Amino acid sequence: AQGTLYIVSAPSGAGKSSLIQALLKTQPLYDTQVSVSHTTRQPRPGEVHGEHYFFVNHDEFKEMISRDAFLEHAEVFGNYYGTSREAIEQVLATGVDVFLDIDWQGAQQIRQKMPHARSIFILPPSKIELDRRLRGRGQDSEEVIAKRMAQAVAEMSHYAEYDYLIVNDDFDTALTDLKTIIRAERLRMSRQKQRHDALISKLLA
C-alpha cells in the first residue's frame, strides 16, 4: 500500500510554511507527515535538529551527494537543501502521504523519479500583498527587499509546472483548499479500491 508524495512550492511571502504546519496539526502520523530535509544553512532561533531540518556542514552535504544519498538536492539563495531517499521510501511504503516543502528545482527532480507525486503551488493574492508579506516586521533596507522580491519573481515563473494552484489571499480559505486537495486525491478510485478492499467484495457478493 504505497502512499502519495505531495510537492508544495511557493515564493517566500505566499505563507507556505504556515499552511503546511496547520494542515499537519489536523492529521495523525499514520496518514500524513512532512519530510525533514538536509540543509547547510544556520538553524534559526527555535529550530531543533531533526524536526525542521538535519543541519550539516558544507563538506558533509558534499559527502552525501557523492554517495547518492538524495532523491533531490539543489542550491537555494546561498545554501544547499535536499531530501534523503532512505527516509522517504521507508515512510511511503507504510502508506503515509508525505509533504515535501521544496523549491521548483527539487520539484522537477522529484517529478521524474516519482511520476505519481502531486504538486501544489501557492501564490500570494497580489504583488502589493506579496511585497508586504516579504517585508516582514519592516526593518530591512529597500535594497535587501528588491533582492527578495526578485528571488520571489523567479520562483513564481515556474508555477505552471504544478498540478494545483492555491491563491493564498485568506489563510482559512487556503488551508481548506489544501485539505480539499488531499481529501479529493484520497477519493480516487485506485486509493479507494484498496482501503476499501472489499466491503466491495461483499457488495458484488
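For clarity, a rigid core is taken as the largest C-alpha set superposing within 1.5 Å between two forms. Residue numbers count along the first chain shown, from 1. Compared with the form deposited in another entry:
A hinge is where C-alphas change from fitting one rigid part better to fitting the other better; between the two forms, that place among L175, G106, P124, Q33 is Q33. Of the two rigid parts, the smaller turns 30 degrees against the larger between the two forms, judged by C-alpha superposition.
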Contents of the next structure:
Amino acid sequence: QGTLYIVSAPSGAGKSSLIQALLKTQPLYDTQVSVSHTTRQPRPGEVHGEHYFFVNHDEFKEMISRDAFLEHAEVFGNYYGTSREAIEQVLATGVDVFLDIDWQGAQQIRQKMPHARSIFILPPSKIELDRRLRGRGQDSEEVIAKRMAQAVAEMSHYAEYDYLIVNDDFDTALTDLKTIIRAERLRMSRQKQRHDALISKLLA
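Can I have the other form now, the form deposited in another entry, not the form deposited in one PDB entry?
No partners, no molecules, just the chain.
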C-alpha cells in the first residue's frame, strides 16, 4: 500500500531539513519517517518505537542472523539498522515511509525491496556545496577538505537512484520532493485503490 522512499545525499544538500520539512506538513496516516533499531542507550525523552527501537548488542546480532534488517551498519561502536518488519508493518497501513540512509544502506535496501523508490539530493554547485559544508565557518581547512571528499564519494553514487533533486533554493527543492510523492500517489495502482468506490459508482 504505502511506498518506501529511500532518501540519500552528501552532507551539504539540505537532505535532513527537507525531510523534516516534509513531516511538518503531512499527516502521520500519509507520511512517516523510518524508525531505526539501535544498540545505543536510550537518552532522556526518547521513546522505544518512536525515536528508535532500543535493543542490546546481542539482540541486534541475533536480528542480523535472522536477516531481520533491510540495512544495518556499525557506527562508533553501536549498530543502527532498519528493521524489515517495522518498515512493512507501516507500509501495509498505506503510509509512505522516508528512510534517510547513505548509499551503502540504500543499496542493501534496494536488494531486498525492489519496489522501494529512492531519491538523491544534490547541492547546486561546487561552491555552494563547499559553503554549506563549512557551516559556521569554524572548522579547519583540512577538516573541510575531508568533508568535501566524503561528499564527493557519496555523490558519486547518484545514478543508482530513481529521482534526483538539485537543492539550490530550499523551497523549490522541497516542492520537488512533494511533487515526487504526489505524482507517485497519482499512479494507477494507488489511485484505483484510493478511488475504488468512486470508480465503481462511475461505471455502474
